[PDB]
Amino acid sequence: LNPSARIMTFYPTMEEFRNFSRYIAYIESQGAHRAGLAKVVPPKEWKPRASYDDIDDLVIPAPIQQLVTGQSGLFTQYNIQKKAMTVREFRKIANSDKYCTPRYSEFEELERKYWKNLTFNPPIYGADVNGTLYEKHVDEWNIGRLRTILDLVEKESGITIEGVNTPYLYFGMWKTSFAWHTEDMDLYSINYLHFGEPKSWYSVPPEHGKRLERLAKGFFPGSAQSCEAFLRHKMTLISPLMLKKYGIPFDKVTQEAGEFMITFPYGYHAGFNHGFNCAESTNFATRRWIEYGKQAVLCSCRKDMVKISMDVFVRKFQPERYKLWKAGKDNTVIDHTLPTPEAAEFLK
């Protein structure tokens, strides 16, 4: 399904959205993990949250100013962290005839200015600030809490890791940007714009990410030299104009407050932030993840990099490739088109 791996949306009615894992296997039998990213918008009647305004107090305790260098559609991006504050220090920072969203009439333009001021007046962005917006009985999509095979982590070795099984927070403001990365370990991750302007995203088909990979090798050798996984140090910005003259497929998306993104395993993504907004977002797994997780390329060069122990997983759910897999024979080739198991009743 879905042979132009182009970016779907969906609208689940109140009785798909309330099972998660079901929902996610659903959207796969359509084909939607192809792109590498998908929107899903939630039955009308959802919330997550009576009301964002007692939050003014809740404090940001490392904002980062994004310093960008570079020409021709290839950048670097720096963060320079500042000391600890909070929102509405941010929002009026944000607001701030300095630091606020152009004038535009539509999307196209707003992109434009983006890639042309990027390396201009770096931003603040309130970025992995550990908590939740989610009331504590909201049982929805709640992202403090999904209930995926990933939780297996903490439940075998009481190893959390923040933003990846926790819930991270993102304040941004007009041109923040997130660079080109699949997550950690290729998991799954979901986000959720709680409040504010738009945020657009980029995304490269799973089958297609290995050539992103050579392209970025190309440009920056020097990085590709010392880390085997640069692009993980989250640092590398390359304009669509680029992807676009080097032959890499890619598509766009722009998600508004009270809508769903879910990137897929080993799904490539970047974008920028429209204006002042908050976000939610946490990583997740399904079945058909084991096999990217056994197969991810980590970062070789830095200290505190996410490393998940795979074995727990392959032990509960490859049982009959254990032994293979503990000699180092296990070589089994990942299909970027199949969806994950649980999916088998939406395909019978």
Given for the second form:
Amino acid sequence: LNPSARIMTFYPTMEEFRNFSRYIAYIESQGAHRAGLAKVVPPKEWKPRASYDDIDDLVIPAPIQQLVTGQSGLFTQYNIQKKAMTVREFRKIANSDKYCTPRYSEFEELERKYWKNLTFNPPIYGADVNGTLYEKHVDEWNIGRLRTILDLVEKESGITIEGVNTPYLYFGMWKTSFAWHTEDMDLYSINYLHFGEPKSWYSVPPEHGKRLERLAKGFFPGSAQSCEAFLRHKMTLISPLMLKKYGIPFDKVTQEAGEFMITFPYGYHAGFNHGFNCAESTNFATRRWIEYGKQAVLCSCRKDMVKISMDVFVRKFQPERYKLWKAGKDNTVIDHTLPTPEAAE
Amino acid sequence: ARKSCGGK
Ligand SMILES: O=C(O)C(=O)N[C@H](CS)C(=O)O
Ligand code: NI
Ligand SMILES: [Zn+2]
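Could you please show the structure of the form solved in complex with its partner chain, as a counterpart to the form solved without its partner chain just displayed?
So here's everything in the complex, that chain up top.
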């Protein structure tokens, strides 16, 4: 199923849309996960919030200015911390003639401009804001409470990891970027574009992720020497033309306001914002993720990087392998094509 | 620990 591992789009009915975990299992039954990324368009009758006009005073405590350095499809992005600002102020800048989206016809045009201009006129990204724009009463696909097994971390050990088991908000402007990465602990992430201009994505199938890694180590050998997991630093940008040149399979997709993107364990992805917009995101899990989390290769070189104890997941969901794993003897080989166990239905 | 999207 989905042998091309191309990014799939889904249009669930409200009935199917109601149960989050269940629907993720469904799209996995259709091979969605093979692409590393999937889009889900909500029922048109569905909205997370009534009006966004009341958020103008919302504080973005730590905007970052993205200074990209490099050439020929290979870049390293540096972040400059900026003083806090309100959504109102941020929007002013995003729409200012200096930072506004350029003119263009077809996305392919805007895309060529992004890759041409990204090292010029460093933009400001309204990233990693703690919070949610969901109304408290919305029970479908609520990034605040998705009720997946990732909830076990909090339930068991009381541990909160912001952005991972709590929601983040992202206020983008033209040419703001997210570098190539998989999620912390190779989890899933969910991303909802509340409003504004599009967000475009690139994705490498999990079954090809190791090839991207090898390519990246070759391009940035100093960085790979210093840390195995260096891509987790989220500083590495690589153009689609470069992927093509080196024969890394990938697909692209553009996410529009009102649409969800789902990323899947060990799906590498990267992208950029088209212009002023706002997205909400967090991580989540399924039973299938557990083996990924056990095998995730993590950043060594920075302190306090996100690390989740798998012990609770292995004891609960792999009791038969628990002693083996604790002994370092668990040899399980991940098969990226296999759907989550919940898809039996 | 926190999730962070940006390099440095
Ligand atoms: O939702 C994601 O997995 C993701 O990579 N989001 C980035 C933040 S790292 C973004 O929207 O810019
Ligand atoms: Ni991500
Ligand atoms: Zn590192």
